[PDB]
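Presented below, as structure tokens, is a lone chain in the form deposited in one PDB entry.
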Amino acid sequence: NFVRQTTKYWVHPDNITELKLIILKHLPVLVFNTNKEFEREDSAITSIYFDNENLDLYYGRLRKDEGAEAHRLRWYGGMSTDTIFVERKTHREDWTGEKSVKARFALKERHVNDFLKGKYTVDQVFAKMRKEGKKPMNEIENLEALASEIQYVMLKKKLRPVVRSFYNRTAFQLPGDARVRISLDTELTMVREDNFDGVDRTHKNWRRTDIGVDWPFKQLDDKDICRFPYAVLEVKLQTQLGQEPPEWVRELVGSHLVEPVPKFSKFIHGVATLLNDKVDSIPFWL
């Protein structure tokens, strides 16, 4: 068997370029988008984290409660991106024997709003997919179940867009080797998406329209945005017992280039920052 593990660090802007080369020395970039020709913005990742007036989800993730869910809508690339991923992270304590999970399904941007409000049913979302005998049956059911469970808590717990997480991501990995997988997130940004202010920043839809992927979004009030000082490095290892992680990774991770901040969260940070007034619990990194 083998052991998995991941660590998150902060990287000062001055060290980014150096760090980036050291990584590339051993780990070529993962393209992941081999189909549509190269685009500048193809490295962008935006995620609208959902939560309610009580920040139930926030505290759940903060404390890492058994079963604590995080709900976000994510799109890869520029604003001309149509496919929208409805993702849910579910934390599970170790004593459960199970391990935390991330699951998602795809929606066309058209139907996003209608789905969050219940006007667009799970039946409709996947009717287009059931029509194609391609996807395995039990595999479609799980996607339908997931879509249902999401639409459920999205309504029962009265969730809404609360905080946006934007950043450019670069991933690294030697093909056919999973011993080490790295990702480097730059120009990280959190912007308010809520209305706990009287201000309707979303104007009744799942995402702000006054912005897109135009970093560093200067048209935003300082009160609505948090330009994150550092880049975020995440190293994900997988080691067969009796074997070691590549000496260069150990060496790099222990260097002055990085600054370990395990269990750091773009979502938790963004909320704790932009909405400090109404939170009574705060992360360790501040």
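Rigid core (definition): largest C-alpha set, two forms, superposition within 1.5 Å. Residue numbers count along the first chain shown, from 1. What changes on going to the form deposited in another entry:
In the overlay on the core between these two forms, a shift of 2 Å or more in CA position is seen for a single residue of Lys158, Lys99, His111, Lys117, which is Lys99. The Cα position of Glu187 differs by less than 2 Å between these two forms after fitting on the rigid core. Core-superposed comparison between these two forms: the C-alpha position of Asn54 differs by less than 2 Å. The rigid-core alignment places the CA of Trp248 less than 2 Å apart between these two forms.
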Given for the second form:
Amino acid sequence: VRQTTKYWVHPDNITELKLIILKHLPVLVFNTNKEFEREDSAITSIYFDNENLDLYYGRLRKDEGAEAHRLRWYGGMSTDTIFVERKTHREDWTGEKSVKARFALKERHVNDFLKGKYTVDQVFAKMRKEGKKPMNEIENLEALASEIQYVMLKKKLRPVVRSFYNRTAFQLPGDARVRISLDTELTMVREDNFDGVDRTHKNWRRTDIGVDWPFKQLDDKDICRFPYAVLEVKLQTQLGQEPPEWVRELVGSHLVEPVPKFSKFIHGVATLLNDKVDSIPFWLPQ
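Please give the other form, namely the form deposited in another entry, since only the form deposited in one PDB entry has been shown so far.
Nothing else is written out below except the one chain.
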């Protein structure tokens, strides 16, 4: 049985919270000398929606099958691999869950792919040629890309909001019993042109910022500097036991504030496009 929960963490409780976790879990690092630079922690996502904000409303109301679409990269602006990600909301008798699917695209192909000029076949030509991945897996990835490209064109999606944050990942590899992420410097930035400002100049992302938090060059109206860290806890508890006592103690402690449905996408839209949206998540006033 797997459970996911999200919490806010006041800046005054961040260090103390880290000390508790690191007592039990290692931090993942991605260089072999186990040294890391400032940009290594960065994760940036460009969320797409249309001018009616169809996707925002779908995710807000938690419609069955409501999709969120985002283009994500890890690290700094030299990063060339862009993840085209789709999150789907699911509900049934067993309860709730989030389903994520993604495929990878070189940066220089992104615009052209989104316009339907660069086809899915073209996208996966090198992958098929290589013969590394089994054919069925390739055909299923291509179906994913076709579905995403179709919605993008069909619903006229465009860049709307960017989330940026630094993520620390606490996890002992090959052990999913407990996985914890702490996101700091959380920021949302406008990427839309809804007020007539062509923020991306028809690129898939603005280029007047990189990962240079705190992004002092942005106009105040374009940015939301979130005050709290966001903590996410992914448990895979073996039926029919309970989650580790240190995990339970932690989540129930004064250190964290549970915000079950929290969503950086939804927070960004509601905060930055406040005069435009007609419904608001319940972690915000009304």
